[PDB]
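Colleague: As a plain string of letters, each chain reads:
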Amino acid sequence: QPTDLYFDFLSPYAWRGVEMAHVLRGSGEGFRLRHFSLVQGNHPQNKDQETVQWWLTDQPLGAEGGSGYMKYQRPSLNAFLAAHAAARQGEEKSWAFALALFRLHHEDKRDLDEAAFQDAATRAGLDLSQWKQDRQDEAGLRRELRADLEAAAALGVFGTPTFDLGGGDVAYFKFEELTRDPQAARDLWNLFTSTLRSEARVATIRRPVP
Amino acid sequence: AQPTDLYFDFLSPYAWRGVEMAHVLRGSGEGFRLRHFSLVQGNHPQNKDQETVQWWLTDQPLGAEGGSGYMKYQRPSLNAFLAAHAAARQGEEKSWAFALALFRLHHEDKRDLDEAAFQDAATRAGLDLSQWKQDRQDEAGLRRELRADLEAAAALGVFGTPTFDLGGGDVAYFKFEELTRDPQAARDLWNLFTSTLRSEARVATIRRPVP
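So the protein lines, in turn, are chains B and A.
Counting from 1 along the first sequence, just add 13 to a position and that's the residue number in the entry's author numbering.
Counting from 1 along the second sequence, just add 12 to a position and that's the residue number in the entry's author numbering.
These are calculated hints, taken from the structure and not from any lab test.
Backbone N, C-alpha and C fix where the C-beta goes; we use that ideal spot for every residue, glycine too.
A few of these clues could be false.
What the hints assert, rightly or not - For the chain A half of the interface with chain B, some residues (derived, Cβ under 8 Å), not all of them: (1) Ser40; (2) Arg87; (3) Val183; (4) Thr206.
To be verified - Derived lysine-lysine pairs resembling PhoX-like cross-links, with alpha carbons at most 25 Å apart: (5) B:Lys60 x A:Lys122; (6) A:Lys145 x A:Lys106; (7) A:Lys60 x B:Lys84; (8) A:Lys60 x A:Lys106.
I would like the entire structure built from these sequences, with the hints used as guidance.
Modeller: Below is the structure:
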């Protein structure tokens with residue numbers, strides 16, 4: 014069973030996690046990409062709530078603003094839906110689109126906007142007619158995304174990237190340096206999985222901020 | 013020098029486990045220095061989202077009671093810290109002996125952090141009791157020592173216990189659930205922690221959510 018990897022395109026930490034997981038696939042590690050919304054997770058309506066009160070997937074994609082709007086809500090929702098539309102063309106195209114859009118945003122420093130989604134679709138080699146047709150199915154894409162957001166909420170996910178190894182071992186994995194060299198990625202992953210499988214039951218390793 | 017600084021609060025069973033692991037590793041070649049960080053001060057509403065500490069545990073009367081919730085641990089934790097500073101005036105080995113004795117009284121025997129516990133920890137640690145009594149009379153000096161620890165912790169951004177400062181800018185909270193005293197298992201656990209903090213990937217956080 015593949016490790017579930019919860020990500021948000023907004024996050025450079027999620028970017029580095031997905032890059033490392035992509036390299037690790039080449040070494041035999043299985044990953045399934047799933048979505049967690051930082052905007053939803055951080056919403057004041059959801060703070061200290063046992064049940065989610067505000068869902069990203071309930072929000073209209075019209076003009077930004079209005080009551081309860083939070084910064085990066087529209088671009089992150091749009092990016093997630095575009096990624097679900099891409100994933101309707103299969104697993105490899107899903108990875109290719111997600112990696113492309115991450116790199117456009119974090120390496121090329123482009124906004125998560127329509128031009129960036131179109132460019133990510135080109136780089137992923139999507140069937141553009143099928144992709145347009147799926148993006149017209151906004152309601153269906155929202156239902157897919159909500160299922161990811163629900164699964165993340167059941168685990169208590171609070172940041173990106175969060176890895177669910179199975180067996181009850183789930184953790185946020187925040188690192189600062191892009192790690193794409195294969196042996197460096199394998200070593201980093203071994204440290205993560207060793208921490209979560211330790212019989213000491215390590216719950217947190219966390220640097221403060223001086 | 014080069015020991016790892018270990019910030020703890022007697023209130024915390026996570027701090028207890030961290031101190032027990034470090035204590036057994038002292039025999040495997042690892043140096044550690046015990047320092048204090050107050051969880052009550054860290055979680056005080058007046059210090060919330062403040063870059064400058066606004067409320068110090070060391071400014072509070074010895075007999076003062078905190079408010080409800082976690083703040084109620086103000087009095088036991090302040091008194092426990094000062095008793096530990098008094099013990100540490102008898103040297104490094106007596107300091108570890110007193111700190112471990114008091115941790116074990118609180119977390120293994122389930123005793124309150126109260127005067128009977130401080131006395132029993134002093135006897136269990138083999139302190140010179142007349143010297144300990146004399147040092148405990150120096151309330152102002154013990155408060156100055158504690159305040160210096162709390163200042164060092166605040167400069168690093170310490171927020172939880174146990175927090176280990178490896179030097180070289182590598183500092184982290186290390187929270188684990190299972191008591192780990194076996195020398196072999198403690199070495200394995202510590203190597204996970206130091207490998208995480210020294211990795212060139214610059215790992216900042218590994219953290220389980222709560223389902």
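Colleague: If a hint holds in the structure, say so; if it doesn't, say that too.
Modeller: Now for the hints, and whether the structure bears them out:
no.	hint	verdict
1	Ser40	violated, 16 Å
2	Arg87	violated, 26 Å
3	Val183	holds, 6 Å
4	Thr206	violated, 10 Å
5	B:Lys60 x A:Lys122	violated, 34 Å
6	A:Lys145 x A:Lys106	holds, 15 Å
7	A:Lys60 x B:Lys84	holds, 24 Å
8	A:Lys60 x A:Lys106	violated, 35 Å
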